[PDB]
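A single protein chain has been omitted; all remaining protein chains appear in their positions.
The letters A, B, C, D and E name the chains in turn, as written, and every chain counts its residues from 1.
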Amino acid sequence: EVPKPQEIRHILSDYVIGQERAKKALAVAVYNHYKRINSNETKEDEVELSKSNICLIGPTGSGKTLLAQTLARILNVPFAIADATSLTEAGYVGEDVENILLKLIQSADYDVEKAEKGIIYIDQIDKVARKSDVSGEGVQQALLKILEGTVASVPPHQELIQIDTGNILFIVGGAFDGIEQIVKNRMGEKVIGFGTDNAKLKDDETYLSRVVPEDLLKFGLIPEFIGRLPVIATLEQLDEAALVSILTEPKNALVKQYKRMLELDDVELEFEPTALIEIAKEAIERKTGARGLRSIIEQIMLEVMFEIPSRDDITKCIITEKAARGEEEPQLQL
Amino acid sequence: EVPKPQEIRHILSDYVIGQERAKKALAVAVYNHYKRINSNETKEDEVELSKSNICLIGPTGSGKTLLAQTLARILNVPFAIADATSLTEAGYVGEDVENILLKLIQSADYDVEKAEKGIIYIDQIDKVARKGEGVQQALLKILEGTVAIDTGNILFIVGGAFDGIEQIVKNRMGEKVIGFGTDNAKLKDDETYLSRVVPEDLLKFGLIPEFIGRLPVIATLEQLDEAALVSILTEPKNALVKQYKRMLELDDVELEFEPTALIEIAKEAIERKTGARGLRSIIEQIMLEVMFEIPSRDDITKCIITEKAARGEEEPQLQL
Amino acid sequence: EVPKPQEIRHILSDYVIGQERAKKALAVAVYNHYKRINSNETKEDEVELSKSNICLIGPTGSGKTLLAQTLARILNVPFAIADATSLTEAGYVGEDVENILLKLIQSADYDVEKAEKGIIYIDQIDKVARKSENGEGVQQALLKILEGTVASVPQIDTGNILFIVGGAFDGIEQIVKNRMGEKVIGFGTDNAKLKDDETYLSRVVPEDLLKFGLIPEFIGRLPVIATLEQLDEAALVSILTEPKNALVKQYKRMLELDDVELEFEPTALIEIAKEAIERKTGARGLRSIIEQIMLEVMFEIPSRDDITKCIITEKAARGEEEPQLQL
Amino acid sequence: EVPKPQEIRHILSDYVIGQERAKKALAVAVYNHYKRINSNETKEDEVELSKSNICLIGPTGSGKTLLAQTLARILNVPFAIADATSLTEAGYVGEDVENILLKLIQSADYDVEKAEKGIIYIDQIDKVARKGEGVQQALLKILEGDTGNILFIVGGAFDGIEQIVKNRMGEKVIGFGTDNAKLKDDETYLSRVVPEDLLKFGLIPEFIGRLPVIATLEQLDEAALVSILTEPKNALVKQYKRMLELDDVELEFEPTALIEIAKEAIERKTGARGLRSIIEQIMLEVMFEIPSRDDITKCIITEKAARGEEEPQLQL
Amino acid sequence: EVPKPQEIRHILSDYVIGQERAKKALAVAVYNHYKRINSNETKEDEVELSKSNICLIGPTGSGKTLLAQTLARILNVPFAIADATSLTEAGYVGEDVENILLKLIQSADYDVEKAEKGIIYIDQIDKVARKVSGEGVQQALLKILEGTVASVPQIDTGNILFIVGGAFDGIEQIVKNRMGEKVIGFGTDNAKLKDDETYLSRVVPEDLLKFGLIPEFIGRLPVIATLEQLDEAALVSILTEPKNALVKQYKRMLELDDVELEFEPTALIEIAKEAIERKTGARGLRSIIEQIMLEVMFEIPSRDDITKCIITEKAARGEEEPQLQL
Partner (left out) sequence: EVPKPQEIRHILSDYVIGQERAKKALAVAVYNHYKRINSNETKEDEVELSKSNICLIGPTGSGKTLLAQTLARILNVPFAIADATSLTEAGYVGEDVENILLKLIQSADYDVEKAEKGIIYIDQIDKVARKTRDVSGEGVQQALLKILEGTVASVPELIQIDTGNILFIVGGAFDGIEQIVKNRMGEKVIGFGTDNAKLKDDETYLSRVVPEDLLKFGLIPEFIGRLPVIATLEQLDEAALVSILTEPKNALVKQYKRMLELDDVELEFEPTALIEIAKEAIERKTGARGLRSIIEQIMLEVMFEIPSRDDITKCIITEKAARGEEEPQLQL
């Protein structure tokens, strides 16, 4: 019955490559959700169990959408898709979160326990608190009370169809671009003088992972609105072997996409993995993750894919001297 | 008899350890108001009709909402809740007053004495009032009293973690910095400054004084601290080491925390300013790899060592 | 006919202690105002009628809101109390203050002659009008209330509705010192006037308000000036002991609900009056300091059957134990 | 139809004391404006005529707003009174000036013929003369639109005249252009301020083109405040003595005591605004006791105008 | 039918005088607009013709709004007037960027063909941007300036008579950029200071870049009409010549009270000279005449004079009463 956090992590290792910290974070969170679904509760009465809902910090290309989609594809439970900034203004908040619960209950086929097994994914979260509007940004308290409780009622058409928010997993995600600012600056780093040189810390993960709600309070988010999502997941930073594996391993492996795209015209596309390692190095210079990885891929194959309807070219090899360097097309071979 | 302020402050000091000022003031307000309702409403010989309502002032993550909630769970009195941000929106003012008043009356079982002894929590006053604001009269006319039980003898709470508490008393006492020749022996950061607070500081928070006339009781919560938080982690019924231990124990493994490591945990929570909700988050930062591995572990007693709370993300030793 | 000015200030002295200047000013203002209401327009050839609009100078806590409310309650006329900052959002100010004209109207039972005899009280003009030359169009909208806003959109004609506007006016203590002293650095016998805050406040000239930042075009329709007078610790103990529902009489009645006689020593009241003038709380922080005193009394009161709870100056100034139990 | 400018000025002269050059200019402007409107604006070719819009220069306290009320009460035509001080924004605030024009439609009782006959007065214009000028933008757009048939008056205080009149003779530093050149001087130059001197104050020249007429108030004086105290229907001496004479005691206002009081109002820089207050600073003692005073009369003498502190001199 | 630009410019010469290059340019626009509507494109298979919307530059107060109203008069077509300074902040008041064509269409009575012959006139554009001051208007307008033919973003605005007028005060700053960047001399030596009337007619689109414009926003207004400076001959031929002659306006207004105002031609040229000192356009001409006629209509209740004479000492000075004819 209850899917184990090691199972969810290992199956999400087929779909999302790397990102193990957030993968353990969601595995634990939904494991506790499905414990709190299947038990009476995973602690006795007169203890409110924690909401076990996650706020995530995610760079570009870093699979954030593929993550939340592939959790619905792995668990096969109901799923909710939205973004935070579409919900920001007053006058419609308590009406439209009934439409996302209607999408949850439709993806549950109106089941109570399956809609409790539902997932809510909200993107864009770092772009609501645009400032550090008294009828403007209304999210923080309303969505706080919605996640506290909306059972059998209109939240704090379809008045009653919605389901327990204490058992749905809420994942919310955003980019939070002052990451190397407020964290390092809490360790003094912006300063003309040196703080303490132990603020080197020698692992870059220390600058990602020792985030605290102070950083989001500097981003103008209110810490109580952070507190209702007790889990903070930081994605791993991009690296060229992670890029090679995100290109080559997963269900949407872009090399296989373009390989079968050229195979629609029965022209073979070969590759040199060292070229893929240097193109991953240029995507690390692009700072765009897997989204810019394919942008460099198409920047190479543009002319040859343009001519592939007409060319008699037997195979094309994407190689360092055609991808990472040079302005000829990928190497014509037999 | 009407529940005593002392036994209220006692059982709420079971739920939230510390902040005895706020318990003593709310307990006197509610005992006085419930004794006024149990007497009738208020008596003759020109005893004017007291409001006896409280505003809850203090830093974030103190369980201050949880305190009035747990008091409603102790007294089993009607509890109402709403948020004054939509009360700032016209029309919906009396509609959210109706949502408050139906939630109080159906939780009273339509009894006029228990809805007169009702509790009405209001929240996020910090999110509207700055200093205009669309509530300072349209809610004033409800707090004086209206039928739509009449509101003029229900108990009300306006709770919130108002950011004026680091602004305003830091203006009066906080600029007493230099101390060359120590005339301002009162320059103690938090401790005298929160016990300085006067309702004019609440005018400087964004109120109007006639709403202070609706609020005879203006308690501030005492400063949160790591020893009262360590007490909150284990001693209340809803304790957090207790629920995490039961969550791991239903995964067939027992969890233990050293109290030195709990002292380090609550000291990190105080330094990172999250309060009580951040406690479960720090515990989760520690327990993440534990709950992740435990369905595939043979460990029986996961003792969290003080070095694990010193690093905040380190796994305990394994014995089997 | 019209309430006489001596009658006005003598009945106002039963509700507010002192303020004899403000009481004489309001007595002349109500007298001219109700003579303008009742006389059928002052001079028969349709001259400009007596404005009688009141601008008022008075410190924090000073019962000026009580003066306006009680002057309205002794003549059986409405009041409409307003806060300048609560009603100012933009130039679109009329929609906020006409709700307070609706607070006059809802207090007049919709009648027009009781709305004319009624008074609008608008509180703390000096905090909003400050010179910040290191909002004049809302002042012209408020000037149209004294020029006379009529049934049409910015209604009973507010030129014939009485009007009070009140402020603390701190900086005028310097600008009156400028006239009185010939400026504030001062040497030799400049004390011929440089000698007390009442020697300053008794001579306050309203043009100094204009130099403090006010607009003369607005004050041109405010003939009446109600200067309040400096309250003090004996007037504080009078605010405890004189008024009919005074605050310690309310506390005595609150502990009389417990059948415990909460007795107050007047030496504790004079000690608290020195502390609230030192802490600067006006009359309003007294109530809170007494609540700081008998919090623990009410805390123990379900379980304690003390006969007299006497509040004595050792318990009042230190608060280390309850006020004394008499067994 | 409408009366002539001469008699319109004569009726304006009971309420507003003096200010007469501006009274001539507005009286001919409104007469031409309502001649244009009522005689069918231009029979020949239906071609345009001027709209006679007037810009007013005067001091504070100068009856400017009383003059606007007096013209609106005289000519049986609607008006709007407005001020541009807090309308100093770009974009949206010129719709709030069109909402000032909606106050003219409330005032014109929703009639198009009275809206064409409607008069707009704008006060404190020189606060925008720092060149958001979206008030200078608005009078351009509303003169075209049939909003071009409306009559506009705008008034201001304009302190910058002193630089311009000190310029406007021996303009620069050589001996040539001397104290014998371009003979007019720094006070007829308040009346003959040319549109180019309005450009030298701080105003848009197309917006200056939107004001065909320039007019000037009389800069107030002591005996002008004595006539404002005594002559018009707004005369303070009439209401102050009549509020006393309703209690059957008369206040003899001595005219040299009114001279020392108008000296106090002029010394206070406040103009006729201060006068209501100043008489009350003296008369607070009078109205305090006059039901109980059985004096046959009281009088304000020079000593009581010099003091403003004691009771005025009683007769028994 | 298609009216020729010659007699269009000749009947336009009855209400505004001078500006004749711009009068030919807008009459050419009329000719070409009627030619691209009534043959709804002239190229074979009706492939897209040049739409040639008009941008008009030169001195303020020069009658150009009266030119656009005179064009609306002469062709009798739909007319609407937009303003740049009234749409800048989007979502506060920047939403009537389509309601100007709705006002044209309501005043076209929802027509398609005479609304294609309709006029969009625009003003205040030179005062709203600098290259966000008021630059938002360029994007606000450009979506309709590109011009939907019949699709709803409906009248082809590239068949509409499209005119964008203004004062454009900064051109002398450009000629001091171009000629004035020869600054000190010391080689080439300010030789282009041969002329100064050149300065407006040598406008270049990169000047409008420096004046605050998008180049596509200049580009969808390809035809630049440049005005002519009103001189004293233009001023007397606006005072006395046209249908709207100011001395005929004041003579009609005084003649409602049966007063003729005789003006001397030496008084007329002195009014013209003093208005060229004012620089206030032809709309400042009447603003001198009012300083003279003040006494006359005010005293005509008192005086029976059948006519009154204005001489140079009433014109140049304007500080003495006009001459009686008893």
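In the analysis below, contacts are C-beta pairs under 8 Å (C-beta built on N, C-alpha and C of every residue); 3 or more make two chains touch, one makes a residue touch a chain.
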Review point. Which of these, A:72, A:154, A:261 or A:317, touches the one chain of the complex that we don't see?
Key: A:261
Exercise for review: Among E:6, E:133 or E:173, choose the residue that contacts the chain missing from this document, as touch is defined above.
Suggested key: E:6
Point to revise | Touch list for chain A against the chain that is not drawn | key: 60-61, 65, 81-83, 85-86, 88-89, 91, 103, 123-124, 127, 130-131, 133, 136, 175, 251-252, 254, 256-257, 260-261, 263-264, 285-289, 291-292, 294-295, 298-299, 302-303, 305-307, 309-310
Review point. For chain E, which residues reach the chain that was dropped from this view?
Key: 4-6, 9, 21, 24-25, 27-28, 31-32, 35-36, 39, 42-45, 47-50, 52, 90-91, 95, 139-140, 142-143, 146, 151, 153, 204-206, 209, 214-216, 218-220, 222-224
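The rule is simple: only the chains that are shown with their structure count from here on.
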Study note, to complete from the structure: Whole-Å distance, C-alpha centre of chain A to that of chain C, is 60
Exercise for review: Find every residue in chain D that makes contact with two or more other chains and list them.
Suggested key: none
